[PDB]
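**Q** Now for the letters of each chain:
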Amino acid sequence: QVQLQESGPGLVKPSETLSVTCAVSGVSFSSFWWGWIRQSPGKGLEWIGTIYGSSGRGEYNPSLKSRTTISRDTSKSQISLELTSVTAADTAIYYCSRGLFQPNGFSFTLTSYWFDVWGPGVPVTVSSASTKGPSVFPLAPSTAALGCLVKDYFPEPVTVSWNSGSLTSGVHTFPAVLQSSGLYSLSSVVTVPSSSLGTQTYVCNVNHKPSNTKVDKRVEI
Amino acid sequence: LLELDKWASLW
Amino acid sequence: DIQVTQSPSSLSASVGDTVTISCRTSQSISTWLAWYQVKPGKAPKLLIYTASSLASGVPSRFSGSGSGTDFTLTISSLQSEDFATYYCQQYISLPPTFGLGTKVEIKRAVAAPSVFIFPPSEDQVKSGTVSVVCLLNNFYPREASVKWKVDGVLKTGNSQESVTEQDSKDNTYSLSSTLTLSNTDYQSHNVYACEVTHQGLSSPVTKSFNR
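Chain order of the listed sequences is H, P and L. Those letters in the first sequence? Residues 1 to 141, 149 to 228, per PDB author numbering, in order. Those letters in the second sequence? Residues 660 to 670, per PDB author numbering, in order. Those letters in the third sequence? Residues 1 to 211, per PDB author numbering, in order.
Just chain H, same shape as in the assembly:
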């Protein structure tokens, strides 16, 4: 029935405007309320605002109300979120959603919004950092561990395989941590028999699409 689909950029610079779009379908867009919800990398879910499909009127989060503008477009059956003067704090996954409400009986008042359908959400990162490829450094010493250090790159993500993907057993690629410099950094390790060391070859394949850089690094003793 109802199907949502968020759209928008991946990168926004601080102080600029964040614009994401949501396409609804499989229902009368004018007969329901639609809005935006977001979740920050570690912080919880945060409702931004919801509006009526017909009038475009609605309600915003008081904490974001001054910077928020949720518009509608009946043609595309589409709503848009214009968040002005963003900072790193506005880095989040942005979901589109339908806002149902109920009579808070017996009064002629209404409940607030609960959400029966969400979109997959679009990720958006706010940063002034420039595009930069990672530096790859090897991590070396019956069982033995080894890996690669992929650091000082922007933006997310980097991909890391071992022996062109032919080595996956015991592999662990850690989530990227945002260093104080605005650049990201992670490590990828893999457990291997210490007996095969010195003979077996281990190469981590680091690929950073948003900056072309494709690096193969052989991890030795």
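The reader is advised that the hints may include incorrect statements.
To be verified - Quick look at which bits of chain L chain H covers, simulated, 3 or more residues with Cβ under 8 Å:
id	region
1	29-36
2	39-52
3	65-77
4	97-104
5	130-144
6	158-165
Simulated from the structure, these hints should not be mistaken for lab results. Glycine included, C-beta positions come from ideal geometry on N, C-alpha and C.
Given the structure of chain H, go ahead and fit chains P and L onto it with the hints provided.
**A** What follows is chains P and L alone, placed relative to chain H:
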């Protein structure tokens, strides 16, 4: 008008 | 300005267990609580609304109850697909506010971590900024402790930990601890130790190297 829209939606 | 406190932040369970998740509110919200399932790289899904009304297309396993300030989500006979993060949400009054979530994870036998320390490469030394990596591999539960020692002295700050999600095969966790130092700072000290503590360990493990 907001509350008015709200109730119009439900009917 | 209603605050919503969800608990626990995470709970471990086995398939078939009945799991419960509490949701408390700073003030009364009548029956206006919703529950949501969120799996990684998946659209959030409405489980329950009106505190106890099961949403369409949701299995009977999920059940909600409570009113006023105390609420509870119950999943009878936990399924494999149920392993995910769960959020509560009030909507009696504007603005809607969510709980910080409960991560349902797979219960598992205790497993001590395998510790490994990694000295910096000569290449990174030429960078001017070196990284000392300590690895805690395949352990359960998640709770662990890592301390950095330079020439016997505790090194606080300038450390960053990262933790993987529960491994698909053995349901264990792995952890990386990275100590970033100035090269001059690095070349001025000799021994770098990584002290690890975990309930699977009968004693604190220390992996170290001499520059």
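**Q** Does each hint fit the structure? Answer for all of them.
**A** The hints, checked one at a time:
Only when three residues or more bring their CB closer than 8 Å to a CB of chain H does the claim for the region 29-36 of chain L stand; here the count is 4, and the claim holds. By the rule of at least three residues with a Cβ nearer than 8 Å to a Cβ of chain H, the coverage given for the region 39-52 of chain L holds, with 8 such residues. Residues of the region 65-77 of chain L with a Cβ under 8 Å from some Cβ of chain H number 0, which does not satisfy the need for three, so the listed coverage is violated. Against chain H, the region 97-104 of chain L contributes 5 residues with a C-beta closer than 8 Å to a partner C-beta. That satisfies the three-residue criterion, and the hint holds.
Judged by the Cβ-Cβ criterion of 8 Å, the region 130-144 of chain L is covered by chain H as claimed, because 5 of its residues qualify and three suffice. Figure legend: the region 158-165 of chain L, annotated as covered by chain H; annotation consistent (4 residues with Cβ-Cβ distances under 8 Å, at least 3 required).
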